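For this view, one protein chain was removed and the others were kept in their places.
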Amino acid sequence: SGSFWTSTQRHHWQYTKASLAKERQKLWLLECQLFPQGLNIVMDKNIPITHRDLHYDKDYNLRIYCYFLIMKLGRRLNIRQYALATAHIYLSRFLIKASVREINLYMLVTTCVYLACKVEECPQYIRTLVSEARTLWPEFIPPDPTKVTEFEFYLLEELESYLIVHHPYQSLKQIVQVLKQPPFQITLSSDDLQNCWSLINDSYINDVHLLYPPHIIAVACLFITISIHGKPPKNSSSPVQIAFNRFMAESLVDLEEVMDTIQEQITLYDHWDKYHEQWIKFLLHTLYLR
Amino acid sequence: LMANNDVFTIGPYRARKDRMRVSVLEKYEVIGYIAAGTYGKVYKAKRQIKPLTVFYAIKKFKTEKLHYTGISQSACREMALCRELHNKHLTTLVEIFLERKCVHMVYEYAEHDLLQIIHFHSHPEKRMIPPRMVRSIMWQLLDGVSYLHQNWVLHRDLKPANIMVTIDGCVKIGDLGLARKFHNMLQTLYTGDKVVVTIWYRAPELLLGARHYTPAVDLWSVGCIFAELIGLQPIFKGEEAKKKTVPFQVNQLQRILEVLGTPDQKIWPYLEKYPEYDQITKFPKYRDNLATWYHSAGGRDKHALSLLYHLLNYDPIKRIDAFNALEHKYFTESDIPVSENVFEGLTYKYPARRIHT
Amino acid sequence: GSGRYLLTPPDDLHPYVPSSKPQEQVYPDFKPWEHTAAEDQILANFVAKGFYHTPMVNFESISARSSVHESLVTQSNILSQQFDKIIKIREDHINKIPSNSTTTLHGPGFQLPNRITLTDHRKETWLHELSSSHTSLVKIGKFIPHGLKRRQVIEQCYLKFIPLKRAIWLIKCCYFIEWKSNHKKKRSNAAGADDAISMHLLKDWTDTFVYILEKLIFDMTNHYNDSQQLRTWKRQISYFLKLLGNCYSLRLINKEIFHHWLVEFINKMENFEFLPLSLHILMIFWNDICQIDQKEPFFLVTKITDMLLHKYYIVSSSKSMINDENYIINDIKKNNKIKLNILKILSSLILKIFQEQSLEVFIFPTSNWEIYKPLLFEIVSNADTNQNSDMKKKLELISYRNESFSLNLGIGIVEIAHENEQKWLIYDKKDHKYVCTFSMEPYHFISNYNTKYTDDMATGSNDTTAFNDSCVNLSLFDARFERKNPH
Partner (left out) sequence: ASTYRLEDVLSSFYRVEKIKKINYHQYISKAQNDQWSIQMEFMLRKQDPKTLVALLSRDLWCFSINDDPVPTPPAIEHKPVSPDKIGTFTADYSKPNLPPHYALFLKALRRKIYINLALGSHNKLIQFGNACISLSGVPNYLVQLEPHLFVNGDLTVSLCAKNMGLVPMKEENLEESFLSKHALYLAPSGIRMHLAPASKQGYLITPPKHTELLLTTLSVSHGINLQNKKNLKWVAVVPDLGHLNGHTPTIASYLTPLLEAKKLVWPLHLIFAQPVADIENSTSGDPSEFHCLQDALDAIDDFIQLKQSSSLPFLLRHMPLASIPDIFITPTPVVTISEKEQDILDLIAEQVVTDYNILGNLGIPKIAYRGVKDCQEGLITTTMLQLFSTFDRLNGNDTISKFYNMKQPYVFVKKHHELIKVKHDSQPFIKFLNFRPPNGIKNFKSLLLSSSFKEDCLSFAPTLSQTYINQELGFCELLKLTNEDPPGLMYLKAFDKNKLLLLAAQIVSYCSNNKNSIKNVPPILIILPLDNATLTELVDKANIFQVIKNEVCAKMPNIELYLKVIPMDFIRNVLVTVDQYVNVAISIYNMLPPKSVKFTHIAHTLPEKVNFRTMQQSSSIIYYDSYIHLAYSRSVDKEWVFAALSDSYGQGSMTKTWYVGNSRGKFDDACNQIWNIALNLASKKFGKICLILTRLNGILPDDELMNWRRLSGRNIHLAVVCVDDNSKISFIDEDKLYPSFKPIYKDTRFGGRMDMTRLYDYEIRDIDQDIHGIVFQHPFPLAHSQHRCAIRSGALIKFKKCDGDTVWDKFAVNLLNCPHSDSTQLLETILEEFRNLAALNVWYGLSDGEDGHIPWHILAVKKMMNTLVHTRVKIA
């Protein structure tokens, strides 16, 4: 959090919604002529084939599994949250410009954790890294670390040297610093501070970080936490809520982006229900280990 | 059930990428190998198409000095920092190009370095540098290190080799070799680097093995730069050193003592908390000869003396940061103005770089 | 210095707390490195150990799925209502321009350009300063002298060739400053003595306007001996007619005294060398004199046709010269050439009178039935029988002669109901009803130049008092500011 304005994140990525839709359409027209065949899925022989868009594209169903597998490798290796967040940012910025039906996902996850841990000054050697990626997944990863580091080379090639990225956690620390002032004089309980930190940790899914500044995401998760803590006669009682409403109004952090972030959190927690490991894990198994 | 080195991996995505690329034989072309970096070679790049001749530079990080060694920390931190940092006083990173094996950065080519200025003044005619040029270069370098300081990124490399100048006299501190962003240190500095900036320009915190060195080590390096530029010799031209993970530089501490004098608990408040403070107790007890050493130079007294007092102080609480050093009775009080162009009135070309063709 | 430093400022960014003292407010997502006390305390107490900060909240890196479980069904409407309250507070307090004035329906600010006690030297040069076409607007609008009589204002306006918009601005400014002064010096405020002052002022300015027009039209024959003065006089009458029309269409002239003066002025003249210009002045307002849709109603129409028939008779009587005092009075050919033109003009005007009025009351109480109109109506239309039958009914009336089987549809179609002429009303947003007609007199809408907003925005906080200055308060349109933290 040096200065997000006049950084590289505000300039050469973080495009608007129409530009992201146009780039996704260019990705779709790129993968159109690649394989019009589809996928030969077999279990009971049984061989139906999807259309190019029934699923296993970048809409929703595998992103939760992607975040779960990144976090599993993270807490297995026991590295801090900023490295896994930067690895998830590299994951999304690579899958925007390349498909997933041609790239081994587990090596991409281990490669992104490797590159983010190296660039955010908390290094992990390649021996223990590929040994953990083998001891958690005994398949889908070669013993050669050279293939992992050639993946590292092409990952550095694709996201063209834009490695460092500001995080919403620093702006959350700044907001909870400024909320201890004589204009407001409030402070959350430590369980709701952990709830807001967990919501920020959960919002790295669902494709929001490529559109808005991170302080808007921090304000959105803190608003969801405060307005979901306040109610569990008068309507807007518990004046922590009142001081937060006056803070969000009197400061000119704008609306209509926080609305989209809250609606995106609602649709993420809606899409979490119809999610199962079985179909996507079997689809990966029949997409790589045929 | 186990995997081998033949499973489905990145392979197809190579092909879709490898048809359309751009090479170093296409956008630019080579001219001549200038031997600057032994670990990573530097070349000169003619633009491939009043005369506007070759003014580019390539660094080609071929670390093998085979099959795909990964990126190093000294290359990863440089590629992370140089691409987004941008100022008038930094080398502008134009492009990264990733060849069959390694990385090729292209910056702008510079006219000369400060070491070439000292070597031009190393002929025994002894053209002592005029104080206007050295104070303007000092102002510009301090503004560059101010921009590098305030954006939360250290700079543990400051030598007269990798500080450049150009036509129109613009100082560019052009090497982010060992910089790091110190906002959220997940692992502390002593657990990540364990050694620092080169022997002739390190700090007494680093010489005494501090494990949480503050951002004032660049100011000590800048003061050593200025003492070098005022004496035409490196101020502590130190002697290199040989289960302890440090060689301690047991002669460099003797040099920096006998030039500046001993510390105690009154010019240094917490040196007792150091790991090997007792290892400083095995030297003699010199007073100083700082004013005498400035007296054995040109006669521009009473204002460089106070600045060299303040910069060369091993009290890392009371050292002087950049924006509070850019007003220290040297640039406000003037007899000829400190400009951006440092080559006004001085009308000679310090000759061009030695290009091994 | 030579080049500006790197202080790393923000660009145009709203801080998290604008109420705070202006040098210790943290900008959003913005933190430069600064030397302070806790940093040196960390450096002092944390050598030989290594410093790194473990995070604040325990149990990081965990999804909030079993932590906030039912955030969809039971708990969405509370979020919607709370964000609705935040949106309403924002739009109603932070951005809406407050009208902090309880006197009149202008914005705060909007002072009239201040009168200065000026003598004739600086005023004499200032009127020449207005007369150019390259001068500024703010510096001229910052001051205006006082004591300017209306004769002198209109006189130097049509004499020094002031452009039209600046002349309308000067006349409206004199109107407004005289109205405000005369409304200041009022001792008694009874029902009727605080409204008739405007009608008094309007009648007075109509009087001096028709006085200056009469003065110029007589100055024509009181000066005409030099063709360089005539070439000036032609653009003089053209410019004054342009200015008179531009003031007459803006309701700055009482239209019913001016028309009565006009019919008196065409009736009273006796020398024919003013007729072709005065008849053109009549033809200009012809669309408003004879288009009124003893008797008060349609009085100018009957007065204008009696006057025009009398002028037709007096023109058709004799020769064009009235002085007969100088020698070589008349050569006959130019005389008949001049007279045929005036006869043609009056013939066409009487023709449009007879085409226009459907009431057709030409009862002549003064001179009973002298005949010239059949000689007119034989010429046009080649004996169209409608005008002929109307002329026979005319000779019956005005000459004072001495003594469906079952087609009932019943469908009852509607008729066009005339709408009134006040578009602008006022909504009372408290009781939710319309209340009154917004109508300022047309000497209120002046393009205001004497402002004081040449400074920068965000000067302190809530400096809308020097922003809302115009000749309408901005809160009569719900003028919302727009300000966001940009991305």
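The chains carry the letters A, B and C, assigned in the order they are written, with residues numbered from 1 in each.
One rule holds for everything that comes next: a residue touches a chain if its C-beta (ideal position, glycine included) is under 8 Å from a C-beta of that chain, and two chains touch if they have at least 3 such contacts.
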Of A:59, A:191, A:270 or A:277, which one is in contact with the hidden chain?
A:270
Only one of A:18, A:29, A:43 or A:47 touches the unshown chain, namely A:18
Consider the whole complex, including the chain that is not shown, and state which of C:40, C:91 or C:178 touches that chain.
C:91
Give the residue, chosen from C:42, C:300 or C:472, that touches the chain omitted from the document.
C:472
Of C:44, C:130 or C:250, the residue in touch with the unshown chain
C:250
Given the full complex, what residues of chain A touch the hidden partner chain?
17-18, 21, 255-256, 259, 262-263, 266-267, 270
Interface with the unshown chain - residue positions in chain C
72-73, 76, 79-81, 83-84, 87, 90-91, 97, 99, 101-105, 133, 137, 163-165, 168, 220, 224, 230, 234, 238, 241-242, 244-246, 248-250, 272-273, 276-277, 279-280, 283-284, 286-287, 291, 320-321, 328, 330-331, 334-335, 337-338, 341-342, 345, 348, 352, 404-414, 417-420, 422-430, 432-438, 445-447, 453, 457, 467, 470-473, 475-482
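In this text, only the chains that are shown with their structure count from here on.
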How many angstrom between the C-alpha centroids of chain B and chain A?
37
Centroid spacing, where centroids are CA-atom means, of chain B and chain C in whole angstrom
71
For chain B, jot down the residues that touch at least 2 other chains.
151-152, 184-187
So which stretches of chain A touch two or more other chains?
1-3, 80, 170
Contacting residues of chain C [partner chain B, same complex]:
1-3, 5-8, 31-33, 35, 39-40, 42-53
Seen from chain B, its contact residues with chain A in the complex are 1-10, 12-14, 16-17, 67-71, 73, 76-77, 79-81, 83-84, 96, 98, 151-153, 180-181, 183-187, 192
For the complex, give me every residue of chain B touching chain C.
87-88, 139, 143, 146-147, 149-152, 184-191, 210-212, 214-215, 269-270, 273-275, 316-317, 321, 323, 326, 331, 337-340
